[PDB]
Amino acid sequence: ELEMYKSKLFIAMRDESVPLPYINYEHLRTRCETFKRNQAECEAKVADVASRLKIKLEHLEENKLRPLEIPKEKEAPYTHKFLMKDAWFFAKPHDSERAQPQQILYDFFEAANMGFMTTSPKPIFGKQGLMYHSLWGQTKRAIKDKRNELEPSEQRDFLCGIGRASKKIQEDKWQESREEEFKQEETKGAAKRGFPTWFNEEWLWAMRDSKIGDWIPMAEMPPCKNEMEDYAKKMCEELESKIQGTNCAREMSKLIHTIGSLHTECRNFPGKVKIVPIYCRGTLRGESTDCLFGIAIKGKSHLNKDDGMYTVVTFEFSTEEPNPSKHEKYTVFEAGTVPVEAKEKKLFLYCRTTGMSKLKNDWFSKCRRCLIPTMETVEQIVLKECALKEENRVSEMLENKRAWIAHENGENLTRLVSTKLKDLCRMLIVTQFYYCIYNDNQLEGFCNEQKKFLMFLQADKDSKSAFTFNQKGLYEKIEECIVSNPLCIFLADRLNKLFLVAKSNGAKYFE
Amino acid sequence: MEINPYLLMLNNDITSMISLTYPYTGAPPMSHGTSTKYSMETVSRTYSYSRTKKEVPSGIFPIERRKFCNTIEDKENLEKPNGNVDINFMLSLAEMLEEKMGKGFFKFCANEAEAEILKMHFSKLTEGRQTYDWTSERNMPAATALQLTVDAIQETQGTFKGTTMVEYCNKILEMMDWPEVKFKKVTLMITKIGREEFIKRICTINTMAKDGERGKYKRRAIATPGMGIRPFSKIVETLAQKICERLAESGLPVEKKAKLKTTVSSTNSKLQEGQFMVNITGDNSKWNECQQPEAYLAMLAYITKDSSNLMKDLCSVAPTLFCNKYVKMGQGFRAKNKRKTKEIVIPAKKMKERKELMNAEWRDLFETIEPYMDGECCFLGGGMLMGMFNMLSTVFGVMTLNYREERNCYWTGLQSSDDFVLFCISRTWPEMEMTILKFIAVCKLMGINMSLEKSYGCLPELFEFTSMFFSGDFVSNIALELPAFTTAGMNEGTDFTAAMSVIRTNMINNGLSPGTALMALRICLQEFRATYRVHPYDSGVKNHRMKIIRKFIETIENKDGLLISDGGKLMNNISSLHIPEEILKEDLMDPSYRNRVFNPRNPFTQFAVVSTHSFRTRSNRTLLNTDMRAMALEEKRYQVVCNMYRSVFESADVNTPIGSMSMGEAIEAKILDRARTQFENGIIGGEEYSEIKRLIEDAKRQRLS
Amino acid sequence: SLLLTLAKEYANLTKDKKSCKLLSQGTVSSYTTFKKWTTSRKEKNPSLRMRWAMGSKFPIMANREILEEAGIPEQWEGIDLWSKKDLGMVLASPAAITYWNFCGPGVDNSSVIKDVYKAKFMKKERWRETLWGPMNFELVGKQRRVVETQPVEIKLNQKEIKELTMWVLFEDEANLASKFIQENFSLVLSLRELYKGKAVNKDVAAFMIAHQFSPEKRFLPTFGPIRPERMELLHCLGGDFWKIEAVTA
RNA sequence: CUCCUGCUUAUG
RNA sequence: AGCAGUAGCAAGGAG
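Residue numbers (our numbering), protein chains in the order written: chain A, 1 to 511; chain B, 1001 to 1705; chain C, 2001 to 2249.
Calculated from the structure, these hints are not laboratory results.
A hint or two may mislead.
Claimed, not checked - For the chain C half of the interface with chain A, some residues (derived, Cβ under 10 Å), not all of them:
#1 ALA2011
#2 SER2040
#3 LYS2044
#4 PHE2058
#5 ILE2060
#6 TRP2132
#7 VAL2204
All C-beta atoms in this analysis are idealised placements derived from N, C-alpha and C, irrespective of residue type, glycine included.
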């Protein structure tokens, strides 16, 4: 029972891997069974204390919390896959039998008249004009003949990548040549950009109420007892009645319907180029209608792993003039004129080649799960409020309570806009959605470090005299993970202005 | 007008405005390509922290060995992290530890651990995550790797009749004494292998890239061990698991919220007229390259000093297997020409020969790892990678947090895997410099590097511990993963009830205020409906499954009794999350509908909630077209034999079928025993008993030959 | 006559050549590591593959002879329910599931289902006959306890339950006889007059015994009284900032 | 740079 | 071209 198999190579394995002042494991076992401590320990401790050179850094005396270094270089472009604020949509009442995306596309080919959709072969700006002109003409006659499958031409052979891949050669034959095919590898990193100025007006557009009503497909209400189910039902109904009308709900409906359509098209048809609408569905005067924002084209996805990065071509409908700073990656053409009753303004078609991926479909197609953190946060506010006042005061608390947001541009010092708590929940669904799009590595590292500085600001609010051990490497990491994400650079700038507004009262910061 | 979302924190706390700063709704970061540079960064970064040059030659392995204990060359840069441990210091902290609580502490906890080792069956090895199968050199689940290892044993020399932990470990060491080991390759040929190659192969650890971790800009290499390292690690994690359960300044098994209240109130009840308390939140960085296993050999030789003779030798093998581990170096890199058209692949084998095709960083990392490389692997002897001893380093944390220097100024706190909260009590601020520099001194001596960038402190409770920000009175909750709401995906009946189960367990454990739970219930309802294409009857949806429901709705009398999988509305609520949908609805169904749904004679289910929609999807098509078709033949044989042994023993899925004789012999003796019992109170017929006897005897002669 | 059937199957499986090196080479315990040969890695995206499964035309594997006994090849407008592609198992559409649910045969089985699931219908009957009141809106909170959460009336401790299901269903390979038997063997004499002749399979019986005798004890945050009747109502009775209790009986 | 090769009907 | 970020995807084969 009490015998382990004393082998031969393992006993030469244990005796070799002992510490250096020891010969064998027997010597270490007899020394460790006969160990008694001493007080030369504190001499080794203090002899380790003397050769240190480390001082703590206070904050009431050396308040060096400088604002962050936003890179002063070229402005960060608009890199979201679709258009948010510059969108234009064609409407019709919805047919119940004609509901599949190909049926919606053909019914809007007769509904939105593509016969007048005349494009010049010379664009306003961009890179490639002839491929997009021939591509738009070919897909326009392809939608005309009521089949979504592009015949092989050089336009689709150039845009959605066919034959553009490296020849992966294994190391079994290599056929060496003297000073010919000199092969090696080389890495770069990522390009660095500057501060976006367009993100503010898209935030303020994203929370402004659009007259089309309900945009998000929620579900029905369960029955309620005489419990707190009245409370949960009430909070769901008020918050639901606020978030259905905003423009963020329109863009979430666009992502759900469009990426659901492209997703099932990625399942059913590999290797074949499809034509997929970019649309929504919402209630206009009670009539359930659907819209149409653009035309997306798949690029023969063979999704082996969770990566794969297939090519999506987007033709977009816009009714505002372009900009070579924001709309930098586009290939803006001109489409025509639109009668807009308040007289007949212009119509511009945008062109952009981009990519999606198989893991970056499921986190987009299920983007209805952004109403979960919002109601959690608002309910933490209200339930902490009644939990501190110990009385059922919710219905008047949702009306007589302010929330400071949105300081102005020319001045910042103690000049804030107090809004109601449900307009705060408008801003919360905007910011959770903006997390739902722009999540990369850089937003992750920036969110950890802003949790640290948020702990410093909470320490500043209550006069606790916090301290830090090294401020050099801290800003080397926060200035390390700010390169090119628009949301990361924006929230860095807004973190600096938070430091200004908190600097107007508490004393740990700079100008 | 500008807009700023952070201004809510001007008149709130960080107990409410802290879920706003988690990016948990977006995509997690993935890795791409090979994972060689991360492993080379881990090994070379391990050797750069060793602070030494003292090499010892080896007689076993054909590579050199660099030592990691008591051999320090003290540079001036002491704030840069070290990987060198003084053993007399940490044993002095162990002797200082066990005199705090009890006298026979390690004898008691070690005897409880030895009480649980002897009553353990080795099927507990199959209740784990993925492992490394060295027969095919792949990553496999635990059952497949265990069965291929036992297959190599029973094919190599003799058979296996162990059925215990200790006899399987003794079988492994007997495999280390074997001069030649045979296994099977791929079309199932049988190959052999020598002695030292088996030693090089049992101590091989596979590295890959950690995919989907929220919170890093740079990627990290995670490592998974083989099979012959797992049960010894189960031994040590049971021992150190009992030690951590017995201690009172740790937080791994879990309450993690009451202990901090008792130490804040108790150490705030221990103040003089001028002393005070300052807490410091830390984050011990480079934790997986600064725990050497030789110190675990010293302390693991110290804990079991008076336990047994078996336990004293059985808890001193996994440190010795961690002192000479190899590391798989990923799968190489790729080269390309100037035109970026043809791109050859160089694996980890030929990386020595094609060394002149690398970058500046690849050559700088590769020239400092060169005298430690084998053909495919690397030699590491001091690393403690992820997926290993986790509840043993926390004991070092309790040992650093129970140091006694002899004023009356001291510290306490709480420890996790690499997260601590330290409370200091002193009188003046230069004395705070003295005591805090003593804590960084004792951690720096023992081998624990505190990071200076991710550390702070205040006077009262305003600290951080495993992402729960404790303010002056209140507690923020753990920010949960959203995709845990929908990961069932197997049935139209085991999805919505599973989602109610996950909403129940997140409501009880985490905070999850009620309207959030009703919202998440209703959203998971909508994703269920949109996934399985079933919509309510009053909706306007007309697809291939709502045409039947819209046509046949006249037959149902009571309309609010239909299933959600069949076009009914929602009837579960917050106060009904513990009852499934069917069992809530069966008091109102029409009897033709209820007797029609629940019929066990159905074409789908024939071949925890009620099985009435439970169907099986079809399999793939690329599973029978590669060279691994015969593996599906092998699992077909295993399912056939398991169906036969399930057909013999009528109650086998309830109790674990222990035993060490054979399977078919228990079949034959069982059929003869029930043939005798059902013979004498039953059968009685010569053709039936003689025919069953004839089939058993002829099957026995056919099996034995 | 079951022993002739099992003898024919056992004599059939020894006719295979390479299968004789499988059994009588492993162990009785090895059944557990013969049960699991799941060579797929994790099935790491089940809902993604299930949405890709339900998007096709024929995702389901279904039995043939029952569906050709009672089903129809196609519904009234082009809705396909059948294939002829390949054992004789036929792919089909979930429109056959809802069509079986609306125009299919019916067998009266309400007593069996209302006898297997006695625990969950007991939860429903205890759920319906309660009454609530106002909320309180106060701070609340208490530590983690080990709480039995089910109103059983026997209270076994997860060791006489596996042993009890050995000594009730199938005693031919049950267990060594302990001292935990005698009074529980009077209960065995009670139980064998129940599970003697039923259409319930032995795995379903082994399920249904284990949920009327086992008080499910878990490690949960509780507050107030710790009665096991109000512990499935744990999540409803109070949160962290609110509390509701007005139960008279 | 030149030349040879494919099925999967998708409905918030 | 493009996605993407410390390395990959953007069909496969022959010359």
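Hint check results:
1. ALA2011: Check failed: Cβ of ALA2011(C) comes no nearer than 41 Å to chain A, outside 10 Å.
2. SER2040: violated, 14 Å
3. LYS2044: holds, 8 Å
4. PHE2058: For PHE2058(C), the interface hint is violated, since the closest Cβ of chain A sits about 13 Å away, which is over 10 Å.
5. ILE2060: violated, 16 Å
6. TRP2132: holds, 5 Å
7. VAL2204: With a closest approach of 31 Å, the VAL2204(C) hint is violated.
This entry does not satisfy hints 1, 2, 4, 5 and 7, going by the numbered hints stated previously.
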